[PDB]
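As structure tokens, the structure follows; a few thoughts come after it.
Yeah, one chain of the complex is gone here, protein chain that is, but the others are all in their spots.
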Amino acid sequence: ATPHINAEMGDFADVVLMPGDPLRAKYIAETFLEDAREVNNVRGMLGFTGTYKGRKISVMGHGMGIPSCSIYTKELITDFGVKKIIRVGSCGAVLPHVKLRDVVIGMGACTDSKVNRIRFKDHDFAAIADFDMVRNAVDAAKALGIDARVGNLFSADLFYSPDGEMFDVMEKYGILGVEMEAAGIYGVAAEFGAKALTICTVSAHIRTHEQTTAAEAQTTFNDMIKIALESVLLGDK
Amino acid sequence: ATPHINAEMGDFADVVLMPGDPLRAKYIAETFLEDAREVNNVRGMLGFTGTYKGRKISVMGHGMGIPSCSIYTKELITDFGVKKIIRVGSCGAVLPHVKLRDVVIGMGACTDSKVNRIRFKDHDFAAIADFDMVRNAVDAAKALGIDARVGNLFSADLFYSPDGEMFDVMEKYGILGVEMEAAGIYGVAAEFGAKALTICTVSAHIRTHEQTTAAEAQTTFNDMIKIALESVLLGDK
Amino acid sequence: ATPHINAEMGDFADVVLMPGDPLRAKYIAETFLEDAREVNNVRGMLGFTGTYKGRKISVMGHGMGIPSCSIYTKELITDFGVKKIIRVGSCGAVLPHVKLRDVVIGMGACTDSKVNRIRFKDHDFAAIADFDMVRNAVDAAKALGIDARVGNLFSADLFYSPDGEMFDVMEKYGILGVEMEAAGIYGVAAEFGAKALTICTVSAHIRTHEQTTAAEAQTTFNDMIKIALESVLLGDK
Amino acid sequence: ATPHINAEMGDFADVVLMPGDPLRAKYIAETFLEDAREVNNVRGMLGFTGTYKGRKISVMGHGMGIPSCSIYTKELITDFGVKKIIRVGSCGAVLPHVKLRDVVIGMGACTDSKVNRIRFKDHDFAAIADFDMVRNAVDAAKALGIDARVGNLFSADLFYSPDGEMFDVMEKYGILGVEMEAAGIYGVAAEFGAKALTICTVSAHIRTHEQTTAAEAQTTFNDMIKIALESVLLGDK
Amino acid sequence: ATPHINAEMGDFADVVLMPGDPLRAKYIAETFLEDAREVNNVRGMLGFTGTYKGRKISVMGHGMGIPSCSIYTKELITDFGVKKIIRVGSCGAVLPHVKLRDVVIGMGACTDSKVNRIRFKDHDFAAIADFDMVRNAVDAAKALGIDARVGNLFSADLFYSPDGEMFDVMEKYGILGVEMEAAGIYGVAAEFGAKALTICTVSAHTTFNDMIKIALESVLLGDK
Partner (left out) sequence: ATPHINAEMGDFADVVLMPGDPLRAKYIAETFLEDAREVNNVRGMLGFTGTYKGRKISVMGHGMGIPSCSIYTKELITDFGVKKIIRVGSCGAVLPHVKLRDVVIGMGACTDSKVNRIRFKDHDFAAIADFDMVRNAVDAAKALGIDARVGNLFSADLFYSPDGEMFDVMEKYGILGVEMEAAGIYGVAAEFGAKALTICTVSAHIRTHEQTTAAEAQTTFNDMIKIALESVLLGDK
């Protein structure tokens, strides 16, 4: 019922988990949710709704990049009643002892995109998550015995940057992970009056050049998913 | 293979057609290509390689927005030997005499993205197509009896833009179509030394709810595909 | 000693409360700290150290504006072993449900200053607080039965802004309070590897025109101080 | 008459060739036009009108820099019925394979000027030539046995630039020639609704300070002028 | 009163000298003025009013940085009738032939602040002093046997630069001194229709009393 999602009101839960990869969304639906059904397939951007421990939950890909996820998050918020979005992504690390498969939680997200400047009269908008969602995720990770670090992400427009020196700048200012969406989702959440959080799994070290495979990212980053799902239940109270 | 493409050198032709929707890529392979073989499916971004009138051709989705297509086009160029990219997409018009189903060829692409400023030391980089490819597309269009306009596209970062007034400015400056990728693909081609072209069909008239029927759009879609494919043959001389 | 603080290592606690007004720092030291002693008076920027429920704590003015507070925060971190800074300030509100004397906690801070762009290669640095410090303040306020909202502040360079329309944009994007330092302190904390939090008391409403007096700001905003001090004790565990 | 041109409607053809140097315009009139008459001498900016193979054609200097040529091109468009402007100039190369005496056709023009950002709400306007004019020029060149390169020029505000590093950037993104006017003329054409093209001959290699001799310059200049003139005849059909 | 100044119209003279440090304002008031009276102490930003050779004169700290002094100068101009602001500060020099202990007069002020771009539609506003005040300061200095250098200051937002990349640039383009306020004060003066001047002593690469004498005598020259 929207230009990029062929579904109707009620087809989505009020909370949506969103990886960039629709195939990871499919994996999550098949692995963590009961009674999951596909609710969207437009442009292959798979979305599903099922239950987790009785709680109605949706998962849907948002694609790669700020412009892509801004489209889906906006539509979910304005036309499907979605109140909370939890991005469950991958990222590259720049810090020396942040390692592969570490879970990072983006309370804020830096960016080299122009979208928030366009929204905010060319000033600095601090793209932040909802505090209660951050807190829920931290508490859930603790209950699960999973380490999770909270801090700044950096949302890049260019996965292949011509400016390698910027990575030293990110490292100097404590950036936990380089991904491509958080700052955009946070801008949309503030623009349209909803709540968002980005949780990422470290899938590459930008310095050491260690990296996981495409298959590993699609189907094995499960700590962040358990954290996300349990954090919703805490939020419900 | 690359982190976003599960294939090896040789799997892709040296020319790749790219719609945003990976389902359109599959449709293109099935409809216009002989002996089509799927060569990528990471993140559901379907890619295929086949032949058109004997000529080896590939077709693969690029996803929505500059950051998404920048990843795929970079990787195709540096790791798969691709020499030419032709985006085949949709766009919205802002000019009165540009009608639904019109074909537009982006000789240049304006943008509100920051990617080319990051590349170009914060100055104005004119994101342009390769001239020969533009000319090949014009001649292929003529031989098919299809009228096409050549000029500027505008590649937006925000499909849902909070700056409605900018559309008046685009109209004032002769922008032929509003889409979300061309300026980024043109930046990648310049950065990595390849050739690119974006052709679009007008599928919407901004500030108006006018829409074409399903059969009309497929017919028009097919016309664009034919122009792109025939243009490659002309380029081969 | 440093160019703006005539004290030696050890004279400051490892946690410093910092209002913009040195006379407020004096009030706080005399009212909340036991055995308080003056440790700075350079440029009349009073700083004191004493104990709160057995915990060594310092309080010192940072003056008005990002450039002023950036000086003091840097010096405390590099030369006095300060690990945490809690700014305890005043702000003006734009949101219709925010009232005079409400306490707001700045998980992030937007800004129209150029300093973070200077630090961050002209990109958007999300100026954020330390998460644990935010949670400690939230928990302390709950234990005290004091209400407090958590979200974005906006750190202005011009208290007398010629751009009145920017306040509508701040309001649309949920800015809780307009002040003049948080984004700068958060940038310094990030640069030098320390932790910071800004808590503000609403001293004016930009829409309803209500306003506390200079005398009230100097001495009567005590809820935010109780929250700050108790949050430190929580932080110590 | 207009503030910088003392002529009347009819004194100029609907196509004007424009070198920067008014003395070069005088040379073009004497050399290529029959029955040439001087139609402007305000500020010494000589313009002439005559015929080339029966076709009415004008030639006039535009002076140095974007601000200068923007004045002349605007006035020609709004007050003298001019439809097409062909800048005929020299440029410096930054690419090793681009050689002295090569003819470059600016299908696009990059710039470090702010004039187009001012016009285009501080976004990226792709300053482009008219496609048919570009094609006419290629075809004309081919007929004359010259292979012209088509791509981006860079229009500089500073002939004596303090930023030597920018040339490396220009080279990396494939800029064919450096001059000082094209992006400005293209901006004017778009703003006031006309068509423009810039053709340049490479008279210098910026990195080595290679410089063309006087005799070879006169030869390549003539080639460029023949190309421009014959392109007009092709456009007429 | 204003939110940052607890005084009333008439408490300030129509010219105010402003050092950054309020304790320096107190020193100035005590050393140079007759019948000096404290007229502001909000936030400890001490302001005083007295006479210098029969001429009513005020002196008040403005704090460090563009945002701080922009507040105080605006309120003085719009709410206390002040017509002229003279900043009397210290600066660091980058030029070889600008000496320690030299007096520099900022006819213009560069800055890495965004405040004037906010004011001037993101274009380049040349933050300048009032010409007559510059002339008066030069002439007052001359009469005191001092050659003041007139030129550009640079007003920094970051005393502690993250990379220090601007220093060589300031030197290349002839900046006389580095401080943290002038361009802000000049922007305020332009915005609200008053006149301002920044005078600095080169404190790095009295003297202080000489600078104050130049500022005070330059006012008396202006009154003529």
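As written, the chain order gives the labels A, B, C, D and E, with residue 1 at the start of each chain.
Criterion: a contact is a pair of C-beta atoms (placed from the backbone, for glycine too) under 8 Å apart; a residue touches a chain by one contact, two chains touch by 3 or more.
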{"item": "Displayed partners of the chain not shown (whole complex)", "value": "D, E"}
{"item": "Residue, one of D:56, D:101 or D:114, that touches the chain absent here", "value": "D:114"}
{"item": "Sole contact to the chain not displayed, among E:91, E:94 or E:107", "value": "E:107"}
{"item": "Footprint left on subunit E by the chain that the document does not show", "value": "107-113, 116-117, 119-121, 123-128, 131, 134-135, 138, 150-152, 165-166, 169, 172-174, 183, 190-191, 193"}
{"item": "Subunit D, residues in touch with the chain not shown (by the definition above)", "value": "4, 20-23, 43-46, 61, 63-68, 70-71, 74, 112-115, 118-119, 156-163, 180, 191"}
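Here is the rule we go by: only the chains that are shown with their structure count from here on.
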{"item": "Identified repeat of the B-D interface (over half of residue pairs identical), from A-C or A-B", "value": "A-C"}
{"item": "Cα-centroid distance, subunit A relative to subunit C, in whole angstrom", "value": "30"}
{"item": "Averaged-CA centre spacing for the pair subunit E and subunit A, given as whole angstrom", "value": "50"}
{"item": "Per-residue multi-chain contacts in subunit C, two or more chains", "value": "112-113, 119, 163, 191"}
